[PDB]
Amino acid sequence: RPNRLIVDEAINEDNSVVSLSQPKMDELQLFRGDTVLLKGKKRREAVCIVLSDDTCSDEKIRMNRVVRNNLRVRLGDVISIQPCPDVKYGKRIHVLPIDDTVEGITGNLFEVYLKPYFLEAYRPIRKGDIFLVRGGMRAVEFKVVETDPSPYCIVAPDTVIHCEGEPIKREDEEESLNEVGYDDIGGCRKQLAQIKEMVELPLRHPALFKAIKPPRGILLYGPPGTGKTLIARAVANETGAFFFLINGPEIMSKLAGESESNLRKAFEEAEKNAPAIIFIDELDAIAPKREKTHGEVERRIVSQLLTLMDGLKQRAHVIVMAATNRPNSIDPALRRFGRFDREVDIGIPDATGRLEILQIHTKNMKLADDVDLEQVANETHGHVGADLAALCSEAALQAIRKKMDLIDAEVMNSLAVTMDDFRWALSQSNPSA
Amino acid sequence: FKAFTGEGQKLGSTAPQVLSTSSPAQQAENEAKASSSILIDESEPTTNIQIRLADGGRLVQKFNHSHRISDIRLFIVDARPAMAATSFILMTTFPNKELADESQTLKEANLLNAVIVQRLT
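Residue numbers (the authors' numbering), protein chains in the order written: chain A, 22 to 233, 236 to 429, 437 to 463; chain B, 250 to 370.
Simulated from the structure, these hints should not be mistaken for lab results. Take these hints with a grain of salt, some might be off.
Unchecked claim - Where chain A lies over chain B, by a calculated footprint (3+ residues, C-beta under 8 angstroms):
#1 250-259
#2 336-349
#3 357-364
Claimed, not checked - Calculated cross-link-like contacts (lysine to any residue; reagent style SDA-like; alpha-carbon spacing at most 25 angstroms):
#4 B:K259 <-> A:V181
#5 B:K346 <-> A:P106
#6 A:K148 <-> B:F253
#7 A:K136 <-> B:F250
#8 B:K259 <-> A:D179
#9 A:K81 <-> B:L361
#10 B:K311 <-> A:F52
#11 B:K259 <-> A:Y138
#12 B:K356 <-> B:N297
#13 B:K251 <-> A:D179
#14 A:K148 <-> A:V166
#15 B:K259 <-> A:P170
#16 A:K109 <-> B:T341
#17 A:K112 <-> B:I338
#18 A:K112 <-> B:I300
#19 A:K164 <-> B:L260
#20 B:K251 <-> A:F131
#21 B:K259 <-> A:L140
#22 A:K109 <-> B:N362
#23 A:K148 <-> B:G257
#24 A:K148 <-> B:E256
#25 A:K109 <-> B:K346
#26 A:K112 <-> B:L268
#27 B:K346 <-> A:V394
#28 A:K109 <-> B:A274
#29 B:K346 <-> A:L390
#30 A:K164 <-> A:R95
#31 A:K231 <-> A:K295
#32 A:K112 <-> B:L369
#33 A:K60 <-> A:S73
#34 A:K109 <-> B:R307
#35 B:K311 <-> A:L49
#36 A:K109 <-> B:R322
#37 B:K346 <-> A:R144
#38 A:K231 <-> A:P298
The C-beta atom is built at its ideal place from N, Cα and C for all residues, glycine as well.
Chain B extracted, bound-state conformation:
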């Protein structure tokens, strides 16, 4: 009853993962820079949204409500410039509704929580 036998063809298509963005310590430094670049309103409450990446995320980041999804879309690229050349799409989970519109604020999108997972675009 060996559990390592045979094979099953791939579930999906090829995923172009490179992770050529330097040692994760550099990623953390750039994430800190981007976080400091986030303008905290000081009035509306603050929430930490953690993000999952294909290779692995866990990128916890505090945020506000007045911002737009464009804010996170830009912050992710700042912390991961390699994503600048690689278009990214963010979707919630259960339902896995794709988050398309960016002009809507986080309050408008009522997404103040960790349903931020990255998929290839």
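Excised from the complex, chain A in its bound form:
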């Protein structure tokens, strides 16, 4: 069916844009800027706007995280799209914030977040939709409880918006946007694509591998703080795979026998939640080089890890990934065929990567007109994602401390970080690599 399309990530960061290929647009007789009524899995409906994209396959439909969550749909699913010309300029539209993100934030959530987001853009809206508004160095969510034309609506300069406070609790079915997503990582686009091609199919279509081998060990290595955990969390989130973090220090802290039992039970639990992803953080802490280890209990725990990982063979649809600094950092026999047979090098983000990371970390931050992330990204040599995040945070702190001499969300949104603040934070960067 022509209306069936495969969901894909969207380059356009706007919250209400659906990118489609021009051939498919004309075939569907869909004109850019028209409203579309997307149909989700569990009878979910999302009203958005279609936009052309040259770099898009005909069947592929590019979408933003917010719309995906609104439809309870993940990448690679099939959605139905049709034009919905029957849209009216609703007058009474009731929207509410979400408690988990507005806690400790005061001042009317209007003229600060809702007003600038809507203004006069004519953003389409549907009942029950969840959307995210960035401001005051915070990302506030909002739920469209009611709209004058039930259920579809489009805001208009004559639309009356009601924001009666009383933040609503997050229902368990909904997945909070605070969780890590594929757009939350910048710079390692090549490695990230490699990881997609490596792990998407086993988790998304397990029946194919059970019927028709799959990769069982991926070793992510690089300087500490490069966001390896971030990568694994994001991957688990989009693929809907159970995530189990096994911090190396946490296991090493446990006394002899307790640590091995904890590791064993972690693998067994992950197996019982198949499909699942196990992230062995700081693997070198668990299984250091043979020369480094000087204790029977460590060699015992290493042997136990090898035995369990070998037992994974009879298991399936469980992917184990670990974090290190260099392959030679861990002892041999761990990279032997099977166990950790595949490797990936996150490396250091490049100028474009640093720019992407800075943009990702400054989404909520209000930067002055003179602040340009490209020039600084060019200057910021040898900074890791953690370092870039800390630098942005330091600039924000510099701005806040400067303003304190003179919390109300209006005041918070009033202050804006300037290039001088970034230059000062830069002087205090303290690079880690």
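Fit chain B to the known structure of chain A by using the hints.
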């Protein structure tokens, strides 16, 4: 948890809507007259651009590429003469870029599609 309570002050300024242009059937008749007044090139492809109005548009109209935005600016007034006394401004959407120059052809403006929404001038 009543969804009809309190109030929120107006988003924007007052909008002077009258709609004193006769019964919409008359509007449709005048739109048909204006459409017939459009000179179809017969060679360049034809596209139907629908327009949104403050009260409500949906005014689908076939058009060509060689024309200028002055063509639509005049056709809208023809189909809605009341707009003659009410200056109108047309802008695209996402980005909401205001379409100022009229001398440019539609091909020059590469706007052969329904991003035509009317705002008070």
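Cross-check of the supplied hints:
no.: 1; hint: 250-259; result: holds (count 7)
no.: 2; hint: 336-349; result: holds (count 4)
no.: 3; hint: 357-364; result: holds (count 3)
no.: 4; hint: B:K259 <-> A:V181; result: holds, 6 angstroms
no.: 5; hint: B:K346 <-> A:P106; result: holds, 22 angstroms
no.: 6; hint: A:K148 <-> B:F253; result: holds, 15 angstroms
no.: 7; hint: A:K136 <-> B:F250; result: holds, 23 angstroms
no.: 8; hint: B:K259 <-> A:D179; result: holds, 8 angstroms
no.: 9; hint: A:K81 <-> B:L361; result: holds, 24 angstroms
no.: 10; hint: B:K311 <-> A:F52; result: holds, 13 angstroms
no.: 11; hint: B:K259 <-> A:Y138; result: holds, 15 angstroms
no.: 12; hint: B:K356 <-> B:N297; result: holds, 14 angstroms
no.: 13; hint: B:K251 <-> A:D179; result: holds, 22 angstroms
no.: 14; hint: A:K148 <-> A:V166; result: holds, 6 angstroms
no.: 15; hint: B:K259 <-> A:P170; result: holds, 19 angstroms
no.: 16; hint: A:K109 <-> B:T341; result: holds, 18 angstroms
no.: 17; hint: A:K112 <-> B:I338; result: holds, 22 angstroms
no.: 18; hint: A:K112 <-> B:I300; result: holds, 20 angstroms
no.: 19; hint: A:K164 <-> B:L260; result: holds, 19 angstroms
no.: 20; hint: B:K251 <-> A:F131; result: holds, 20 angstroms
no.: 21; hint: B:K259 <-> A:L140; result: holds, 11 angstroms
no.: 22; hint: A:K109 <-> B:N362; result: holds, 20 angstroms
no.: 23; hint: A:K148 <-> B:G257; result: holds, 19 angstroms
no.: 24; hint: A:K148 <-> B:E256; result: holds, 19 angstroms
no.: 25; hint: A:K109 <-> B:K346; result: holds, 22 angstroms
no.: 26; hint: A:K112 <-> B:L268; result: holds, 18 angstroms
no.: 27; hint: B:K346 <-> A:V394; result: holds, 24 angstroms
no.: 28; hint: A:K109 <-> B:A274; result: holds, 20 angstroms
no.: 29; hint: B:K346 <-> A:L390; result: holds, 23 angstroms
no.: 30; hint: A:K164 <-> A:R95; result: holds, 20 angstroms
no.: 31; hint: A:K231 <-> A:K295; result: holds, 16 angstroms
no.: 32; hint: A:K112 <-> B:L369; result: holds, 18 angstroms
no.: 33; hint: A:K60 <-> A:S73; result: holds, 20 angstroms
no.: 34; hint: A:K109 <-> B:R307; result: holds, 11 angstroms
no.: 35; hint: B:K311 <-> A:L49; result: holds, 18 angstroms
no.: 36; hint: A:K109 <-> B:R322; result: holds, 24 angstroms
no.: 37; hint: B:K346 <-> A:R144; result: holds, 15 angstroms
no.: 38; hint: A:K231 <-> A:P298; result: holds, 12 angstroms
Violated hints: none; the structure is consistent with every hint.
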